[PDB]
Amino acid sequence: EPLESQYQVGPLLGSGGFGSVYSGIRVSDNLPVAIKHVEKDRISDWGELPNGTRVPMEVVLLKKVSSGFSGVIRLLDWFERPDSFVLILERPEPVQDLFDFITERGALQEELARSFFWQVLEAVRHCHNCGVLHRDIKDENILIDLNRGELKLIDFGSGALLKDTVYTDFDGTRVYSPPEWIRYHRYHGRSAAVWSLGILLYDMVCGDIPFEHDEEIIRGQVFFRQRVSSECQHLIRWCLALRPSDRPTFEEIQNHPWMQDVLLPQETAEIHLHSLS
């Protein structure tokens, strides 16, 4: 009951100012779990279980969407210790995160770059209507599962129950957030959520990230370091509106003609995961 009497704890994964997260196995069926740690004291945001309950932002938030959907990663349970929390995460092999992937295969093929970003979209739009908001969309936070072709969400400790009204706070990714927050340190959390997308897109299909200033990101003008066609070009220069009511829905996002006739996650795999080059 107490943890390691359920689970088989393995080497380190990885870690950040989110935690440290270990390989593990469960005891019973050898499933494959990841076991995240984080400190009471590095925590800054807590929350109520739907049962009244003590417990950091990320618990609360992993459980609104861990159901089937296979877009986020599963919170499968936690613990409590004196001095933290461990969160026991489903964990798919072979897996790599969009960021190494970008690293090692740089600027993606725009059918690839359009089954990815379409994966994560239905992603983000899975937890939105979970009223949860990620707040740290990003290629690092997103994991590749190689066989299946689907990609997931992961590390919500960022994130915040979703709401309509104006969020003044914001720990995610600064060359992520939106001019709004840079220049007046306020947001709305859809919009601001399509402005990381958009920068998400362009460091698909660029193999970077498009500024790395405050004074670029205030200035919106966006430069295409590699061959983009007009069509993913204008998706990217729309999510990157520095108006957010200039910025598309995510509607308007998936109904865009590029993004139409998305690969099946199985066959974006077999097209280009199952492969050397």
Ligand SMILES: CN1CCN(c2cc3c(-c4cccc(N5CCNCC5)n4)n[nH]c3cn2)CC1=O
Second form
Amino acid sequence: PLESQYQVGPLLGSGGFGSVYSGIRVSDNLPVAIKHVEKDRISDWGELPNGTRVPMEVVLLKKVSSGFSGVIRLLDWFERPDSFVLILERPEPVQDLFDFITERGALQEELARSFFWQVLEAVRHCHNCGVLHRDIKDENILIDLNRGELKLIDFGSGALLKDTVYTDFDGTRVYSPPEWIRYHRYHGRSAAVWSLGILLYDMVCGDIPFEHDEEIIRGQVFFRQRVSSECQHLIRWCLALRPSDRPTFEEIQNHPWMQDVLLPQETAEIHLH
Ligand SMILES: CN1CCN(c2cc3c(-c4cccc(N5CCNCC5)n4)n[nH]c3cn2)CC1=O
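Moving from the form solved without this ligand, what structure would you give for the form solved in complex with this ligand?
Following is the full complex, with the preceding chain placed first.
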């Protein structure tokens, strides 16, 4: 009975993902996030090993929630008559990257390097677990303000990772690649790299580079803030129009702009405290 196991707090947010509340596990006072999703609104369904009908999100979270890392872990879940309820890790104090950027404006490159690196490690972890996130962006990353650690959230638009083409997409359009816009097709890793380019631009410029379909399709990157040449180069590389022209994760992390990253804790002490 989830009713008695958790003390429900205030609404943290709601939108396309459903409704997410602050909570506390009664047994040990562990801070949690309680996410409700209506079944009528669940588009993609999946199956547990033990053969049970469940939201793909839950399948993806399980595959990815084993071990430590930069992904928010699924602690438990429940099925209700017309909804599923997910119990998720909740860091505290925390702020999502979108609000963080809005507040501080464009980030110092040293900070953006540390954040971006951690996002890369998290996404690599998902891919190693057979999971494609598909909605990488500032709103889907949490910053643990005390530890300097980022955490990927919201796998509700995700899919099992495969090497064949995807012909469906339900992530954020302004983060979707030109091949989706033009052809309604993309491959997982290379689409992910494109969204990482948007994300990195967003961090160092304090806003998204493209707003309309035609800008995405043109792929011309204009910098509105001062950004080093190395960083501009990495961004333009991630945002190559031809998917095959984009860097692999390894090539991103071996890029000269990516060298000498701060540890998360160093990052918090310098930039967060
Ligand atoms: C799209 N989306 C956004 C909220 N999300 C989430 C938030 C949290 C949080 C959390 C903690 C503190 C604040 C906070 N919100 C996130 C929304 N923006 C305000 C801060 N979320 N902890 N754990 C979470 C797990 N998922 C579920 C989800 O699917």
